[PDB]
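Position chain B with the ligands against the provided structure of chain A, taking the given hints into account.
Letter by letter, the chains look like this.
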Amino acid sequence: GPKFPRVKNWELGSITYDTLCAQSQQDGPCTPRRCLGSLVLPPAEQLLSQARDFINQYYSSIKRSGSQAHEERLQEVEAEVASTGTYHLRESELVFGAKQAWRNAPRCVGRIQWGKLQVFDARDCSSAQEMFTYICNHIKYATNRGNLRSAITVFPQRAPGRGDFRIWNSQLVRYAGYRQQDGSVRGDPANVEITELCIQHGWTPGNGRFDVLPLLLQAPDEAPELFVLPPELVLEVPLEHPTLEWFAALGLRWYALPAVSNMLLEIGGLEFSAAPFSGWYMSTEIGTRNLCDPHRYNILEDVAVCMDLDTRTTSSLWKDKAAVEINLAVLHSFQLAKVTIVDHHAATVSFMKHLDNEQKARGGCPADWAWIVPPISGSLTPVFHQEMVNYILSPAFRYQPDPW
Amino acid sequence: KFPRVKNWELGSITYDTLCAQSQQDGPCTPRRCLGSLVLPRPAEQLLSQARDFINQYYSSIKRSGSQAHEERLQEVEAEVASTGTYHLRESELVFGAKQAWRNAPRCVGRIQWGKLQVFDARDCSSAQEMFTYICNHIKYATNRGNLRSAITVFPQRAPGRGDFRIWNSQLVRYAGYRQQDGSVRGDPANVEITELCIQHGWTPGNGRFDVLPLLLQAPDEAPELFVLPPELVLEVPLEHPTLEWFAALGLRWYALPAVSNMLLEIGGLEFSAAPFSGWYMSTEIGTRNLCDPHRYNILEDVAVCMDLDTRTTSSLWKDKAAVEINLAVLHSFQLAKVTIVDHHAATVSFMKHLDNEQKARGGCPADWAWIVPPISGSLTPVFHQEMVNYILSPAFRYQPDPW
Ligand code: HEM
Ligand code: HEM
Ligand SMILES: CNCCN(C)c1cc(C#N)cc(CCc2cc(C)cc(N)n2)c1
Ligand SMILES: CNCCN(C)c1cc(C#N)cc(CCc2cc(C)cc(N)n2)c1
Ligand SMILES: C[C@H](O)[C@H](O)[C@H]1CNc2nc(N)[nH]c(=O)c2N1
Ligand SMILES: C[C@H](O)[C@H](O)[C@H]1CNc2nc(N)[nH]c(=O)c2N1
Ligand SMILES: [Zn+2]
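Those protein sequences? They're chains A and B, same order as listed.
The first sequence lines up with residues 67 to 108, 121 to 482 when you count with the entry's author numbering.
The second sequence lines up with residues 69 to 109, 121 to 482 when you count with the entry's author numbering.
This is chain A alone, in the form it adopts within the complex:
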């Protein structure tokens, strides 16, 4: 009937229509001739319309659309742009935008929590030293001794001519990756380049599998400066298994706080190049991707040998059995250490509740099926059977090229 994407849940048989995608201003990578949905990485007049659109979004969310404060906030932005080329956000606009960007993130399964985000304004920040203080404060608050709290810290926006604020690391917490003489990697292969960059900038490297990297923080038009995190601010969890007693002897560990620091937060055409955000982990991120990806820690064969599985034939499902127990260890160990974590079942169920909330609230929810479905036990989770529409809305978290 309706001329919007028809969306079906194959487990439940139910149908919905996504009208929200009509509000998308930005084109994605697809066309009628081919689908590029599986790809990980595929001005004056322009600023105003983005600005006008965002202010419109803001006033709708507080229900004052068409009003005198609404049209005066418009006039105030259009004037400020007309005389300087840019404009500034009010505090409550920034809070709304940060939440809306998270709410808008198609690849995040944790969005049931979007409304509950602690926004630290750091738009006053004027040094790389100051950035470090804001970051330490964020970690302290967000970690909260294992009882994790979502947070974002927003540093000053891009300015015409003047250079960006950048955190060079991809996360606030990352393990070093050390390239060997043989060509292998000790630690995390994901973090090789950033480890090398930290050395180039004078860090004295360690040589463990789990060395917490220092931060490389860059203030406008300055070279980055190197900052070591005080070990006590960085909460970690040693991995053991609830029944396989040798698993603890493996020496495996992970950090409590997932904090993405290299993404750009865009609100009303304003670009916040340093806006680190954090939540808590879904257990498969650590147990499946970080610990079992071939190009990460790659511990599957090690664990399967300890489990005494037949690693000579695929048809033994030794990979499947090891991944299950590793994920179990991650969950059991975070639960033992009283550190917030969510398994892929709980997470996906809660995301299904989120889709229903948003269907009523906005008439749809942009969602990236390949990223939403967990990397183990996919069809065992309800999201596998849920069709999804993906599109870009703004405010948004966006990828940005590396500063170097």
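Read the hints as simulated data drawn from the structure, not as lab findings.
All C-beta atoms in this analysis are idealised placements derived from N, C-alpha and C, irrespective of residue type, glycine included.
Among the clues, some could well be false.
[Said to hold, decoys possible] Sample of chain A residues facing chain B (criterion: CB under 8 angstroms; computed from the structure):
no.	residue
1	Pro-98
2	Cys-101
3	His-373
Just chain B with the ligands, lined up with the frame of chain A:
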């Protein structure tokens, strides 16, 4: 523009140029991707698709531009101009069907695409003959557990009449009996087709694994009911290699995965009844058919026998039971000497296929959400491989249920 395709495990990059041969449009537009969606929402054009296919065929046999090529283009043109349609040579049909499987973006077993036994059944004029052709297919394809890929191709659609159809979605399906209290005994996916059979005079059973009869439909006639000889339907009882109690659950599955409701399009011609089969990948039985909430739904049952903590999600009881169920299927098929491929072996072979196809055609249409298995996704190499999805012809397509 040509898409840049990256494997994130290896760091390697390819460029898909095969996608420019896509004459058909998919569900996506620049404004929104509709990739995870399962179903889709004149003599001049028939002749153009016919010219393009005939060209494809004569390119395959490396005899392009030849006398036979031109003479065959004349034949096709002449036949369309006069009758509004044309007919394929058996050799061309064989080519088209292989090319259809090759082009199927949702299929992980395309490494096998050149090895396909093609039965021409276009000399079929009754439901009775369809049943005959179908029984021979089943006998050939099953081959006492040494499965071989086959397609039987019934007469093409025609402007002036109803279609040949197999009403069943697969040649072998277990009945699904709706209960007064809403619940379903047997396979819930087959409630509707089980009900169509009963209405057309089938004596039902009361089992979980009752093999359905086939409803075969000759054009503009009511469909007829045909019961498959029990000896033609190879089935495998399920047991587990270390859990004695598993065999007691009485689980079983059939050996032959034979899809019978899709339409085969070759060079504009459409074949509405063209059942095809290969062999199972173990996750289709162990994960989807047996563990889907809306299928046989056996997770909890197995979890309890394993004495697992059903009470919470974080004990990963679902993951554990699912792995044992999949192992039971692989064990059982291996024990019965019936062809099957696990998801690791299957996806490794698909990576080799992508590579072969990158060299042969400059790309390979693939639907990532369907290629990546339903358990242990990132544990297989395809998870880390970017894929481009698009529609090439010849093709398999969905078509409406004929009722
Ligand atoms: C509160 C608990 C949270 C959970 C369980 C969660 C879960 C996830 C997961 C599993 C991913 C997939 C990425 C991967 O495969 O590694 C993801 C991505 C993402 N999350 Fe969340 N998240 C949470 C909080 C947040 C917060 C607070 C924000 C920002 C305010 C956020 C924004 C994003 C964004 C932008 C992505 C996409 C990242 C990319 O494309 O690389 N998430 N999240
Ligand atoms: C030879 C062994 C084969 C294996 C292991 C295999 C495996 C698979 C799998 C796992 C799927 C996804 C189905 C699902 O998840 O439910 C699939 C889909 C498909 N396969 Fe294959 N296949 C094989 C042979 C064939 C053959 C012989 C043909 C046709 C001549 C074919 C054509 C297709 C088509 C058209 C689909 C899409 C089905 C749909 O859209 O619902 N396959 N295959
Ligand atoms: C580990 N597999 C790949 C996942 N990827 C590519 C990935 C890369 C980066 C970065 N930088 C960041 C993420 C998001 C992880 C995340 C973020 C937040 C706020 C919460 C959470 N639970 N996970 C995911
Ligand atoms: C439980 N998963 C089902 C996915 N679906 C909807 C699905 C529907 C139909 C049909 N008609 C067919 C399939 C594929 C079955 C199949 C076909 C072939 C040739 C080989 C094979 N191993 N499996 C899958
Ligand atoms: C090729 C494919 O897009 C890529 O491997 C994706 C698949 N799905 C994912 N899903 C999540 N959540 N995170 C990822 O990094 C990926 N990687
Ligand atoms: C909604 C979603 O696209 C749907 O459940 C798909 C996901 N991927 C799949 N993949 C395969 N191989 N078979 C399927 O049935 C499905 N189902
Ligand atoms: Zn798409």
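Query raised in the report: Taking 8 angstroms as the limit, does the beta-carbon of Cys-101 (chain A) come near enough to a beta-carbon in chain B?
Result: holds (4 angstroms)
Query raised in the report: Does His-373 (chain A) meet its interface restraint, that is, does its C-beta lie within less than 8 angstroms of any C-beta in chain B?
Result: holds (5 angstroms)
Query raised in the report: For the hint on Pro-98 (chain A), does the least C-beta distance to chain B fall short of 8 angstroms?
Result: holds (4 angstroms)
Against the hints set out earlier in the document, no violation occurs for any number.
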